[PDB]
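S.K.: Sequences are here, hints too, so could you generate the full structure?
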Amino acid sequence: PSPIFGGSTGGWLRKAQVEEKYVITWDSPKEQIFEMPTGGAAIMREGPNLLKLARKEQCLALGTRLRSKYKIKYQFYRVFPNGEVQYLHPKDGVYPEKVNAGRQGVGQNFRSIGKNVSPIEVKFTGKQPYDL
Amino acid sequence: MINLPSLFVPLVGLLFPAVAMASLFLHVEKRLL
Amino acid sequence: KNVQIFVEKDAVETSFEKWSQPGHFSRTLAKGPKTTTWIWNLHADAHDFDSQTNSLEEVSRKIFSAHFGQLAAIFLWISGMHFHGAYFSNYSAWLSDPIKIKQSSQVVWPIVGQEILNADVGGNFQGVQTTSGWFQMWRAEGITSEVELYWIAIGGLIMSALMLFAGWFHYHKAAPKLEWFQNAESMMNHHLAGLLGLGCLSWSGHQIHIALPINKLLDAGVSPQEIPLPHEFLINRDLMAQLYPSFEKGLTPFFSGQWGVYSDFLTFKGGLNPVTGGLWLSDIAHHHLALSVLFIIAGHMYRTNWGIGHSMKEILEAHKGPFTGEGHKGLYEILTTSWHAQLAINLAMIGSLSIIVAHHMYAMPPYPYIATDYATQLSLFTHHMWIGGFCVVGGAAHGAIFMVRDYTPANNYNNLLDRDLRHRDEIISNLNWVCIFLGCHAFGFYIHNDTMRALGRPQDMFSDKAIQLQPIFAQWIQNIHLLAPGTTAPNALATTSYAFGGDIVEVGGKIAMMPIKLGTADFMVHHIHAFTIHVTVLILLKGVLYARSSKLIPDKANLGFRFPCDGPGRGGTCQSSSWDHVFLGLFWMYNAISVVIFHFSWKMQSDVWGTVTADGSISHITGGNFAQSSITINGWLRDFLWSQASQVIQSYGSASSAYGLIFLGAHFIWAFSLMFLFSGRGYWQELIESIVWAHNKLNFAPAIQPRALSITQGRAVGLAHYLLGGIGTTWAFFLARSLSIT
Amino acid sequence: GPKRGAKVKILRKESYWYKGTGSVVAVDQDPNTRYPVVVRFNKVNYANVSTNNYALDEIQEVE
Amino acid sequence: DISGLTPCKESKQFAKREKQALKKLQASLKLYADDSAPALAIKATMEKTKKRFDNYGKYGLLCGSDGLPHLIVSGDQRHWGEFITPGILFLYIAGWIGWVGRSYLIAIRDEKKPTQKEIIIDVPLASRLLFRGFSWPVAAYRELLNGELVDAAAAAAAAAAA
Amino acid sequence: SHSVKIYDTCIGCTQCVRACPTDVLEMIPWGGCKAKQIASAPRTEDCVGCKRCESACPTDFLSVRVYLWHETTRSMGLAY
Amino acid sequence: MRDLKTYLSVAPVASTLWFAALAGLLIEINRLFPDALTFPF
Amino acid sequence: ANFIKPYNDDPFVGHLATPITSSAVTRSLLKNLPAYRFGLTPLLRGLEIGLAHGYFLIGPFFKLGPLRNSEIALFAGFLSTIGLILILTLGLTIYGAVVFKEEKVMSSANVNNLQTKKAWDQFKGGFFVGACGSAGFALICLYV
Ligand code: CLA
Ligand code: CLA
Ligand code: CLA
Ligand code: CLA
Ligand code: CLA
Ligand code: CLA
Ligand SMILES: CC1=C(/C=C/C(C)=C/C=C/C(C)=C/C=C/C=C(C)/C=C/C=C(C)/C=C/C2=C(C)CCCC2(C)C)C(C)(C)CCC1
Ligand SMILES: CC1=C(/C=C/C(C)=C/C=C/C(C)=C/C=C/C=C(C)/C=C/C=C(C)/C=C/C2=C(C)CCCC2(C)C)C(C)(C)CCC1
Ligand SMILES: CC1=C(C/C=C(\C)CCC[C@H](C)CCC[C@H](C)CCCC(C)C)C(=O)c2ccccc2C1=O
Ligand code: SF4
Ligand code: SF4
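Chains as they are written, first to last, in the authors' numbering: chain d, 79 to 210; chain i, 2 to 34; chain a, 16 to 757; chain e, 2 to 64; chain f, 77 to 238; chain c, 2 to 81; chain j, 1 to 41; chain l, 29 to 172.
No more than 30 angstroms apart at the CA atoms, straight line, and that leaves these computed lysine-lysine pairs for BS3-like:
hint: 1; chain 1: a; residue 1: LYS618; chain 2: a; residue 2: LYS284
hint: 2; chain 1: l; residue 1: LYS146; chain 2: d; residue 2: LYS93
hint: 3; chain 1: a; residue 1: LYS49; chain 2: e; residue 2: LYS4
hint: 4; chain 1: a; residue 1: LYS712; chain 2: f; residue 2: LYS189
hint: 5; chain 1: l; residue 1: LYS129; chain 2: i; residue 2: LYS31
hint: 6; chain 1: d; residue 1: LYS93; chain 2: a; residue 2: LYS566
hint: 7; chain 1: e; residue 1: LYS10; chain 2: c; residue 2: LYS6
hint: 8; chain 1: f; residue 1: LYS188; chain 2: e; residue 2: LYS4
hint: 9; chain 1: l; residue 1: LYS59; chain 2: d; residue 2: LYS93
hint: 10; chain 1: d; residue 1: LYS169; chain 2: c; residue 2: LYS37
Sample of chain e residues lacking proximity to chain a, with all beta carbon distances greater than 12 angstroms (derived):
hint: 11; residue: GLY6
hint: 12; residue: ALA7
hint: 13; residue: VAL28
hint: 14; residue: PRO32
hint: 15; residue: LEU57
hint: 16; residue: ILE60
Because the hints were derived from the structure by calculation, they are not lab data.
C-beta: ideal position from N, C-alpha, C; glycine also.
M.R.: Shown next, in the form of structure tokens:
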């Protein structure tokens, strides 16, 4: 279910079949023209749409344009060369901008920023001042 | 001797760098080392 | 009827209220200043009318009235010049002997020892030598008196006030609607037939009745005084038939279709006037007549209110091939709903035109007594090369402003615009190669010559004595133009220019024109020209094609036209915006045009310009050093830049000592630019914080907080000083060099 | 501590307004908030922000 | 004298400069008729030039072997007119501007919109302030030994370091 | 990969999460501020390092912070 | 005309009037008392 | 009519099928060049390639040489073609010494593959024979 497009030279490279490639799925109620992140234009097909891209940003940039410009909503996948797929956006079905009970704290310092140690204190260690 | 500069300068100027650029290339592109 | 007049009455009240509130035009600046960045934003956004309102009608009204303001400043400029020519010039003394009297229309006041700038020019007159060619242009019009220049100056002031009034009238009192502006087919018919067609007709009318017979008497040797008033040429046919004996027929051979009776004033002789060294006025009168018929006929190609004619829309939409897909569909909405797309064409055309104009005025000099004034020839040529250079890149800037703001994908499915964006990696990578191919070859020819010569091996250099690179294609074309009079142009008496070969024209012992032979030193330089244009196009083209997105930034269009970067991740994002592409390409245009004017200044001085004596012994200015001194960089550095610098550096104590000061002043400004271009903002803002502290310590600080110049702005400052200092240093070097050899 | 409307001096060192004065607007009575005090300023910082949250031990009272 | 310099009225090379500067303008004067505007302008220029050499001769300046005037800034009181007296003059005008400009910022500070009065000057107020800096050495001295010239150390924001 | 740390001065106004162009940050439950939510950096390996999150943070000094780290193909931002 | 007066009080207009009056101040003094290297006059 | 479509009916792949990329001329021409011909030992692939390159690399050395105007203009330049081929071969040795990996299992059912360490070595030695031999062949063809 790929959208209507005449092709372009700004698509995927070897990295796709050798390193991870990304696909994005969305559902549209009607046929409308949208801008390609690597290409100028394309007509989306009513029903489910499937697009393959080369970067997570390119996929997420299309989502942003699909969101506040068309009122529609999508899923990102990471595809490996062997065939294993990963589910990325949204992580738990709920968007990262909205709090969801069940999420946890990652990478949080429990103090303000002026409270980091001097670099001379962590001398000859394999760390850094912001990892204490 | 008085015949030495016509022996060393091609060796130092053309030969030594071609071996040294070849050696570093193999070292820089070698995965487990 | 589809073409009508729609005007809104009393649209904007005229009060001094907004004058007292700077930044009223935008939503963010109207709150007032908090930091000093606000002062800078005030100026950068003042003419950005598109970002002030959302209505296309209100943007169009602002543009229209601003055009009246731009023209009113041009009329004031023209009215000044004529005023200076009438009260602070030596025009009369020049008219009596235009071979010995130098030209001047500016006089300086004596206040700090600066009177030395009033040169001893001639005709009991002291002033600054001006090189704009006002004098030569006045002679060709048949001026001959200061009284006549005074009327042009009063008429220029009246026209200037009429423009000021029209711009105020069309923005406040009679503001025309959006429907009026969107009439392309009407507008084209009026500019072709009315502005260009009737402009050439009336001008031709002035040339036949006023400019032609006065010039004939000036050329024969009659003093200005004995020449009658211009209006007396309009009344007595007796005076007109003595000079051109076909006025005895009157206007009857025009309506009988016997136009060959007028071969007295509608010539096709070619060449130049042996007396003045300019083009034959009789050829120029024929030139404007043939133009004006062409322009008036061309202003009937579009359909307005009567069925007949072409609609611009059905033309473009018919052009589609099996490689182009939809072809030209959509280019109407584009070019009738966006002012940026219009300037992008227009500035590219007007800039190309000014380059074209400069190439045709040195080869076929149209004014009398201008071809031997080498200071005017050199000044006028470079000027149009610079104005052409800036306007060309300015077209590419608006092409990229269009892609960011006015471009929409839904309006362009599968058309030529959509398709260029689709293989944009292919246009850029192929151009990229052509650039690496042209630079290694054209510039490597000079390196080879630099090293071969230094190693004591001139037998192996690319030269006219070693391995020749003869420009055989351009030499072939020269022969065609030389043999053209009689054969290909059977009614032409002489060649269009004497550059393609022919005879040597001389006025006052100085050479006006000569054949310009092309050898291998020519050939090598033409590729440098090729090469620097291809690189400039590589930066500007890339800026337009990647204005909306790239593999690097997929949402570049949301960031805008001019943003500094997208941060220090993804490697380096500096100068990714399409504004920064315009910024880089400005340095190339500079590089390209500098080599053009260097090539022109040296080739003319080596192989054309000079004096003569008995038996045609030509002595050139630099003595023919062009074939064996410009093939190496050392030759360009030692014979062009070092040798010809002697005037500007030894100008002290003389009347051209202002050129020596501006020479140093522009070397200073150019170096001053490098402080802005090499550094960046966060070193300067920390520097300001220690300074602010010394103020806070003394109980005082400005409430408008001092902030370093922004990233984008610090680049635009460094570029404006780079151009000012660079172009200026050359400006001072060119005039003090050419005033001494003229 | 301060009240609403009190004029304080910022004692945070990495704040833009260290050793500078300004006016308390709201004090969160709930002590679970770590920085309960909204303090407003008349001069902006480098990000053009006019206010910030602080703790009670980071502000001094002027009189 | 100082540095082996000679006074300009007794320098043989300063006198030669005077002659050659006049000779250059006289040889330019000969190409014009006597009543015309270029002859009256160059005649006025040679008067200005001749008065420039006379002025220096009695000035009391020092010349070198180059024939040009030199200036002495050791602090000698005999060459005061060269640096001291125009120095005291500049200090009076430069300290007048800085004092008056500072009075303005301090005045419009206690206000709703101080920034509004820096882009759009309150001219009646500014005009008043500009002429109050005629006695600045007394006004800058009253505030130094008051406490209103320099602020305290706990009023200046400082970089994290110190 | 890059390192993104989140300090306690976070007032939980979700503006960093809305600015991230590669979905690195998210909002989680927290009981230390009015909004009872703190930013978190669970996927720092998609972090390209463009610092858009810090341009969006209203606190002084910033609550979110990006530190340069070893570069992979993902943080280099390569499409090849 | 209290709005034209506020327009004449804006910083760039006041700067050009102040400078025009001050450049012409220096030009006039250099017209009557020229060539003053030092006080000697 | 349309003469431009996505390569292999994959619109999102970053390639375009044009008459320069995939037309009948460019298909049959590229399929018969020695770097892509079916039925060639990697020695033979390198031989041919070398046979066609060493022959024209001769030209610019013999004509625009430092000793082009001497009685030993042909010798001067032929020697310098051999020196050019020695540099190119040296780039072929080092490239294959690093791009390909040695094989553990003696298992080898495709001895014909070019993109391997063993075959690249054969491909490299065939280039050197064919390029020195074609350098010598027009040494004979120009000595006339
Ligand atoms: C010729 C080129 C040039 C010039 C003129 C300067 C000038 C300056 N740089 Mg520099 N800079 C340059 C190249 C140059 N830069 C380059 C290539 C780099 C590498 C990127 C830098 C990097 C750099 C840095 C990092 C620093 C400087 C600093 C300075 C300042 C030194 C203080 C000073 O000299 O005050 C004199 C001011 C001038 C010479 C500017 C010209 C002013 C003119 C108009 C005065 C005219 C004379 C007289 C006063 C006329 C009276 C005025 C009239 C109204 C009465 C000054 C603004 C430092 C600074 O800003 O500290 C204060 C600083 O930290 N620059
Ligand atoms: C025959 C009719 C005619 C003529 C001569 C012009 C001429 C012009 N138009 Mg224009 N225009 C026309 C019809 C015409 N228009 C119509 C019908 C429309 C509506 C579709 C427009 C819409 C239009 C727009 C939207 C704009 C112009 C602009 C311009 C100016 C282009 C700048 C230039 O080359 O300056 C050359 C300047 C001169 C030659 C000086 C001439 C000055 C005045 C106007 C004299 C002309 C009046 C009259 C014909 C003279 C009679 C001569 C007398 C001896 C008999 C130019 C003055 C642009 C501009 O600058 O606007 C101000 C612009 O933005 N036009
Ligand atoms: C007909 C010509 C034309 C027109 C109408 C415009 C119009 C516009 N351009 Mg544009 N442009 C042009 C030619 C033109 N340009 C050319 C030739 C170039 C290439 C140099 C550009 C490059 C360009 C860029 C790169 C940008 C624009 C922008 C803009 C827009 C806002 C401009 C503004 O507010 O500036 C206000 C005007 C000024 C601040 C004046 C400053 C001018 C310089 C610094 C001073 C010149 C020095 C002086 C001549 C000599 C000094 C001597 C010294 C001794 C004093 C506006 C739509 C900007 C935009 O946002 O687009 C929407 C933008 O980013 N243009
Ligand atoms: C003298 C200074 C200088 C030089 C040499 C270059 C060189 C180049 N710039 Mg430029 N550039 C400069 C200043 C300079 N720049 C400045 C000041 C700026 C700031 C505005 C820029 C901004 C800039 C941009 C924005 C762009 C360039 C581009 C280019 C490239 C043009 C392609 C080409 O022909 O390369 C060929 C190399 C040369 C012409 C120089 C050397 C020629 C040699 C001698 C011949 C061949 C040698 C051989 C290959 C090696 C043998 C020698 C070795 C064994 C020792 C080239 C690498 C463009 C580019 O990359 O497009 C392709 C481009 O887009 N530059
Ligand atoms: C790129 C610019 C350039 C060019 C064209 C030349 C040209 C030349 N140099 Mg050189 N030279 C250059 C830059 C350049 N130089 C620079 C920058 C330096 C300074 C370091 C020197 C220093 C230098 C020295 C010291 C000497 C030369 C010499 C020579 C000559 C012979 C070189 C030779 O045999 O090479 C070998 C040439 C080749 C292998 C040619 C390969 C190119 C082929 C023809 C490309 C074919 C493309 C093809 C059309 C693609 C389509 C294929 C399709 C149809 C299938 C020749 C005239 C020598 C001499 O005596 O001069 C007379 C010499 O001693 N050069
Ligand atoms: C510093 C070291 C160095 C030395 C010793 C040389 C030596 C030489 N160069 Mg060279 N060169 C160098 C650096 C050096 N180069 C660099 C850095 C550059 C780039 C800027 C160049 C660019 C250059 C050019 C462009 C040219 C030379 C040429 C020459 C030859 C001199 C002209 C002559 O009479 O030969 C005439 C040559 C002969 C009579 C036959 C010589 C044949 C050689 C010796 C065969 C070597 C075979 C062997 C397999 C090489 C293996 C190389 C590698 C494995 C180490 C000579 C062999 C010229 C040349 O090659 O002449 C053809 C020439 O055109 N040089
Ligand atoms: C330099 C200058 C100036 C001046 C100018 C002038 C002086 C102008 C003039 C102009 C003119 C003076 C024009 C005229 C015009 C005319 C015309 C253009 C006519 C035409 C006509 C016709 C076209 C006719 C037709 C017909 C016929 C033929 C037949 C039938 C009938 C009829 C009628 C239809 C000014 C001041 C502005 C400013 C500054 C500069
Ligand atoms: C220009 C052109 C073209 C192209 C062409 C070409 C590119 C060609 C090439 C050609 C070539 C490039 C050739 C080659 C040849 C080679 C040869 C002919 C070789 C031979 C060799 C031999 C025979 C052998 C040797 C040997 C050996 C190996 C061993 C030892 C012994 C000997 C010595 C015997 C075309 C068609 C597209 C089109 C038109 C234009
Ligand atoms: C010097 C410099 C500054 C400092 C420059 C500043 C802060 C602008 C100062 C402009 C003044 C305030 C305008 C008035 C000009 C002078 C007061 C008068 C000079 C003119 C003479 C002819 C008298 C930057 O802010 C900057 C930012 C980004 C990249 C590079 C740089 C950079 O190089
Ligand atoms: S550095 Fe950039 S990509 Fe990474 S979390 Fe911040 S905004 Fe997102
Ligand atoms: S880090 Fe900044 S943007 Fe993110 S939640 Fe906290 S205050 Fe909001």
